[PDB]
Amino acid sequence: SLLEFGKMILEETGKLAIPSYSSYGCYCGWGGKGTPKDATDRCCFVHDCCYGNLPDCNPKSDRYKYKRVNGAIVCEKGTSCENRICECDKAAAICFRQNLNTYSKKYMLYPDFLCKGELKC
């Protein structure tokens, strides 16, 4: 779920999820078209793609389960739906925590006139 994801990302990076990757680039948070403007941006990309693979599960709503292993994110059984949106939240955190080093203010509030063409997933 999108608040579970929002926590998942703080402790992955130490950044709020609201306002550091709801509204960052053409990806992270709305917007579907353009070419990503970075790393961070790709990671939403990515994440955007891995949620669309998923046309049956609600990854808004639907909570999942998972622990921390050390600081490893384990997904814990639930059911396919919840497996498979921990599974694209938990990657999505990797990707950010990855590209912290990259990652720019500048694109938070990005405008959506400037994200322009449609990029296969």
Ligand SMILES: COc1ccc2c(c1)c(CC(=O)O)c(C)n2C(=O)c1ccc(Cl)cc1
Contents of the next structure:
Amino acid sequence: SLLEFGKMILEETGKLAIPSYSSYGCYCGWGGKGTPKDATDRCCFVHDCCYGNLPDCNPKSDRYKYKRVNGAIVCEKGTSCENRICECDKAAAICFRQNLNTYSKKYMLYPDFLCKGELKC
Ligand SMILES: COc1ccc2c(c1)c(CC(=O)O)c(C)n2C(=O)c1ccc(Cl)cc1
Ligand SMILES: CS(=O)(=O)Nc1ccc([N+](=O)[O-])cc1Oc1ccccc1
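Which structure goes with the form deposited with the ligand bound, now that we have seen the form solved without the ligand?
Following is the full complex, with the preceding chain placed first.
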């Protein structure tokens, strides 16, 4: 669920999920169409794609638990929907962490019309 994810994001990047990530590029937060504008945008894209493989789960409201083994994010045994979700968020977390150095503000609050193009997961 978002609470977990957001907290995971803050620990990892030091930036707050909302609003640093709720309206970035074409895929962070609003999902939908387009060509990811950048690495972070791709992270979000691969992430939306991750929730896409769990049709009958509820990434948003289902809560899972995770811990840190020295800085490592470690998803704890829960329902199977819970485990698979958590893996999906961990990746996004890492991913964001891996491209902080190219996180660009001109993609904050990006207008929808500039998000057209095709991309299959
Ligand atoms: C590729 O992108 C997707 C696809 C489906 C999604 C989401 C993101 C998010 C993610 C979001 O809002 O960031 C949620 C919550 N999805 C569903 O609940 C869902 C539920 C029931 C059926 Cl039968 C099919 C899909
Ligand atoms: C899930 S939605 O319809 O895509 N809204 C939404 C998108 C991103 C985030 N977030 O924390 O990164 C949080 C989000 O929603 C909330 C807004 C305020 C308080 C709690 C959740």
